[PDB]
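Read the single chain below, which is given as structure tokens and is the form deposited in one PDB entry.
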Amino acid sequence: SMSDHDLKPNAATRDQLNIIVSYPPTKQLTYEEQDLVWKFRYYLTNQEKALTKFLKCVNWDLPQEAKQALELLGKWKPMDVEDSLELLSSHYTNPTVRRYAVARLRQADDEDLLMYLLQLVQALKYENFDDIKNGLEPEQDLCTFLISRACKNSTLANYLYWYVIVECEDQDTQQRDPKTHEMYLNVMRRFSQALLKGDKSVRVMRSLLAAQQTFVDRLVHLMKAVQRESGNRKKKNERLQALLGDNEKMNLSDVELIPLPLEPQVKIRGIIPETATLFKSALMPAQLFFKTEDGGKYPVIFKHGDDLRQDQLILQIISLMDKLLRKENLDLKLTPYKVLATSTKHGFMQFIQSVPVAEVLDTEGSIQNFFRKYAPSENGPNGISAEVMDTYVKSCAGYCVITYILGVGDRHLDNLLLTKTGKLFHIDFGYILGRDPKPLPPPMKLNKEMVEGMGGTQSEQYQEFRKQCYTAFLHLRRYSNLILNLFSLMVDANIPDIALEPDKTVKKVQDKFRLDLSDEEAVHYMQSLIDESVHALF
């Protein structure tokens, strides 16, 4: 009767709690709201979604409140994976809470865990550094949990190795935050130590990590020699090919099967010497074809003297977004090509056969001419195969929405690529979150050429495009908590456009969701965006 156990909100209080619980994870609760959540804490234990709000209400400095908070945490209806990500941010230091996050995160399968791993490696920054160190030879934390899943899953192990090694080689971290640099060095050692206690298969997996590392080391050596060559591009290409061709010297053309770092499920036995060339751009990245196990080939870009990490983040988010859309039965024919940094200054990208829209205009005059040339169909829309046009409309819609949310700038027509199957996709994420090389970038990154490709503002393709934009936008809004919680874990990352304003990064994504609007209003807003953009184009 003086107890809180049985307090029961009326209809009006329930409606106010439902508002508070439905807030996005970034919304700061007022003192009034905090008091209200606390008051009906026992009532809220039936709501998994109320737990993150509850934990934001605890005065941790009051021993009384802290103990009861942890009692309730144990009794709460269990938190979902997407929400556990919030507990791994810099806001939470409480050991029990952080371990609870891991306990709930463990419920994810390996497929989902891989979609979040990049962020989870950043989140080690917010863990107990002493505990990580003390686990070295003289209820899991995050470090123990990741290593434990990696020991049992060679894909996870592969990405854990590379994500952590890049952190280990970050000279910015080393100079600016030596304790954090030291922590990542300890994670690597903890991972090695764990692998060495494993069975024979795990010890072999470990040795194949090492074999990848030395393969990349040798590729770095090769690129230094090529980039230092005095002569023209043809001479550099000859030197690139000769060095690749000399397996005795460089051990790059024929090696024992190792996982491709970029895609570890694909095993490779070296690089084809004679088809390796440099791109005609200032930093001289190479196009390399890998020899795959089944006798096939896998083209990549290997960049040296260039930081891929912003592109790595964005392609990892695009991958996530595509997966979420597919989860809701929407396949918009996207191209989330792989990107993996092997250091702060080099890395791999998956090369997709394609043509820049600039070159399409130059060689064929328009996107539609391109399609009519390569996919003619007498009775298809504007003489184009229906499947191809369908793929074009879908992929256009998908990228329209995704680049809008991510604030992707520098959208010149060499950064929009097209395939002959009709896929359009974006590359080159050097400007994100509203940045652009020229002033006043538009909210939506649509161009005349793209609209004309689908037959103009008077076609049914155009209507299908707008519809697909609406649908994609509503689906991605439904995953706003997940997406925002993932960006929250990136705030301290050495990624240029985040590091400009760490504290405003998440807001810049969140605003694009227009969470303040209902689904009906959201559709209207998106319609209005597309109309305004396209109107301004003509």
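Numbering follows the first chain given and starts at 1. Take the two forms, superpose them, and find the largest set of C-alpha atoms that agree within 1.5 Å; that set is the rigid core. Compared with the form deposited in another entry:
- Note: rigid core superposed between the two forms; among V58, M490, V506, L476, the CA shift is 2 Å or more only at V58.
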The other form holds:
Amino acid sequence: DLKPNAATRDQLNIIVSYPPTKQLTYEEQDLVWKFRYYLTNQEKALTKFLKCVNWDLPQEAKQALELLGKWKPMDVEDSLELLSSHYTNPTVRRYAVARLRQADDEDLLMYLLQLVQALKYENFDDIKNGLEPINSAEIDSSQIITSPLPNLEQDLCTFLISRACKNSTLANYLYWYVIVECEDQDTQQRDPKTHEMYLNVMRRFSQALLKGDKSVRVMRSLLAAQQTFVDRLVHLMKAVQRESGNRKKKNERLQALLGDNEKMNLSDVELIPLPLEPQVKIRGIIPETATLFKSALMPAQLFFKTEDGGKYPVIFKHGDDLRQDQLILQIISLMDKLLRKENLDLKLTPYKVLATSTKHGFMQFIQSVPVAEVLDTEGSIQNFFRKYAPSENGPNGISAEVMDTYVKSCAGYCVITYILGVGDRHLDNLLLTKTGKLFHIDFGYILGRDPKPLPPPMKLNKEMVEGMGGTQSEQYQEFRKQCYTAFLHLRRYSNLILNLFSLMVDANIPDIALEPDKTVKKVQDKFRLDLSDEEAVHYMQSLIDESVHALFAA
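Please give the other form, namely the form deposited in another entry, since only the form deposited in one PDB entry has been shown so far.
Excluded here are partners and other molecules; the one chain stands alone.
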């Protein structure tokens, strides 16, 4: 093989270190191609090499595939890039699936939402041909599972179904994520072949479950029971939303219908996995504690009876698209897991969000109080903390543990909302727990979007700073430390985070759909990959200093 000199090797290392959005010039491509055999020893060089290939040229594609098979095994992040819209070559996509096969189900679950999006770039004929022995509108996606009839060998569809058949948690999310994709009216009208593909994925999944062993066949019946339960809940929600009168009158209708099990079948059901969190098995909804929230959207707070005698409160929305919130909460869940991997638990609240359609879905209810209500009832965050968690020896008369949780969650969310460009940040969408956990909700505005003009990049307020004990407190120093530490940890996983956002470009998420080609760059810019770790610390410190000076000047 051709060996490049020291100067060329250094030049190739700079190209290999380029950020994800960085496009290689034709001259850089010629250089990478010239030393393709040398670069085979570097797993990070593979994604740069594949950017040099014109997939419309059969021999160039063939040359690339031979090197792909000789290359040092790629990482999971790089396999996620090979499943994006950029790579439609079936063999390239098979190699990416071969890498995901080596990953644990725990990691696979973290990327499942994006892997379901990646099906849009798969071979639609291969997915259809996998079906064993009409107009798409005649196939109600919700009726597939409820109507059972009396190393490079696997594509993405075959792989996802195979793993789902062995894991009930994976099967739950695969079922619901595919149902939402089938229910996408924008996909149904603009790309009927994609809508047909998603129906075929569901039909393939139902077929594989029915061919499985005793536990696998039971999984199909449990998915059918969940679909039927959700269908019944949607019918109930429609009746409550149509009920003439005030919220009290709607609550009476809500409780009466939930209480009528012979008609609705919602309060007394056989043990079924909760769609929102399938590890939690439910007995039904408690009729007498179900109420609507004060909102024109009419969302309901529902308490589920768990198998172990517990109560699982949820928010169920009908007539709203939960997909943007679903993506943000799954990214927050991933960010929390990555921070925990680096041994940093910032006491975040990645509450569960699951769309059951593009029109309805669940949200895990965390017992908490919005900051606006905290000020109206107690006056301040510190007063709320002194009332529910007092300590004579603790900082400002508050439990040390509660204060530590507050500082950590403030810092965690400060860094996360900045990276995700979360807008519309007011005191009603900032929530607080009696354990000290501060968290964000309602992700209607992301990636720099805001209802007000000129939004600040850092989402800090006077109430947050006062809750810590001011700018001169030991808590404020801890907050700054946790901010730059969380920032450095997340920057290390920028390749992963960006590759997952790249898989969401065609997902019909409002704030992504607005500018799909600029989405990845918006997130990439927040990581400041142009700066070294030391420079990133000072940049994060500058963001905090500016935000604090600006908020106090009010």
